[PDB]
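So you can see what is in the structure, the chains are spelled out below.
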Amino acid sequence: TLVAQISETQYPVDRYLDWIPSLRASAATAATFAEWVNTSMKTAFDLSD
Amino acid sequence: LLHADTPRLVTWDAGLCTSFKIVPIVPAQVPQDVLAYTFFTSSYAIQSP
Amino acid sequence: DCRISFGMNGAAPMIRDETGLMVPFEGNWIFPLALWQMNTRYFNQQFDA
Amino acid sequence: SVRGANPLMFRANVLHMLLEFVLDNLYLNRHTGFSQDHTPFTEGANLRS
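Chains as they are written, first to last, in the working numbering: chain A, 29 to 77; chain B, 19 to 67; chain C, 16 to 64; chain D, 22 to 70.
The following block holds chain A by itself, in its conformation from the complex:
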């Protein structure tokens, strides 16, 4: 859901923050964004694996 917001993906989802400027992220750019999402959920639920 989040990656489709900052990239060009055919996933059908309502875009609510299109007035915020951004760029068409590539695979490398999206990977760093995905990494941040990963760690955030791991710390919230206290996961180490």
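If you are wondering where the hints come from, they were derived from the structure by calculation, not from laboratory data.
Some clues are possibly wrong.
What the hints assert, rightly or not - Far from chain D, by Cβ distances over 12 angstroms, these chain C residues were calculated:
id, residue
1, 21
2, 23
3, 27
4, 33
5, 35
6, 52
Unchecked claim - Cβ-to-Cβ under 8 angstroms is the rule here; a few derived chain B residues that face chain C:
id, residue
7, 53
8, 55
9, 57
For each residue, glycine too, the CB sits at the ideal point set by N, CA and C.
Got chain A; can you put chains B, C and D on it based on the hints?
Coordinates of chains B, C and D only, in the frame set by chain A:
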């Protein structure tokens, strides 16, 4: 006849694929008493192609 | 395309409009943010006064 | 003389020059790597390193 040298067929290049370059022959006319030095982009250290 | 030309012998400087016209440094203008980011050093010298 | 050449032998020298030109360029281009532009100078282009 027993052993012949094997030629080097496959070689790799990782740079620009060009054989022609542009070189200056006469320096520019900066500064001059007609145009102020703020006009030229070289005064701002802007790199040029 | 916002090229800036200095004026000669008291003539005012001019900048290129989107339609291709040259206009003096006055009036109401509309600028995308990307323009100032590209020419931050040059625009500051010419416009601040 | 060290500053002169025989005019009747220009074609022979030029022909050998052309053969040297071809031999020196017998290489294969290699894929190095890329990165997305973080500046607005291009619309998120991928630039070779």
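Now the hints, each set against the structure:
With a minimum CB-CB distance of about 24 angstroms to chain D, residue 21 of chain C clears the 12 angstroms threshold, and the non-interface call stands. Consistency note on residue 23 of chain C: stated as away from chain D, and its beta-carbon is indeed over 12 angstroms from all of that chain's, at 31 angstroms minimum. Every beta carbon of chain D lies more than 12 angstroms from that of residue 27 of chain C, the smallest distance being close to 29 angstroms; the non-interface claim holds. Chain D leaves residue 33 of chain C outside its interface by the beta-carbon criterion, the shortest separation being 17 angstroms against a cut-off of 12 angstroms.
Listed as a non-interface residue, residue 35 of chain C keeps its Cβ farther than 12 angstroms from every Cβ of chain D; the least gap is roughly 22 angstroms. At the 12 angstroms boundary, the C-beta of residue 52 of chain C falls inside the reach of chain D, the nearest C-beta of that chain being 6 angstroms off. A least Cβ separation of about 7 angstroms between residue 53 of chain B and chain C falls short of the 8 angstroms threshold, and the interface hint therefore holds. At its closest, the beta carbon of residue 55 of chain B sits 11 angstroms from a beta carbon of chain C; the interface hint therefore is violated under the 8 angstroms criterion.
At about 6 angstroms, the closest approach between the beta carbon of residue 57 of chain B and any beta carbon in chain C falls short of 8 angstroms, and the interface hint on this residue holds.
In summary, the numbered hints that this structure violates are 6, 8.
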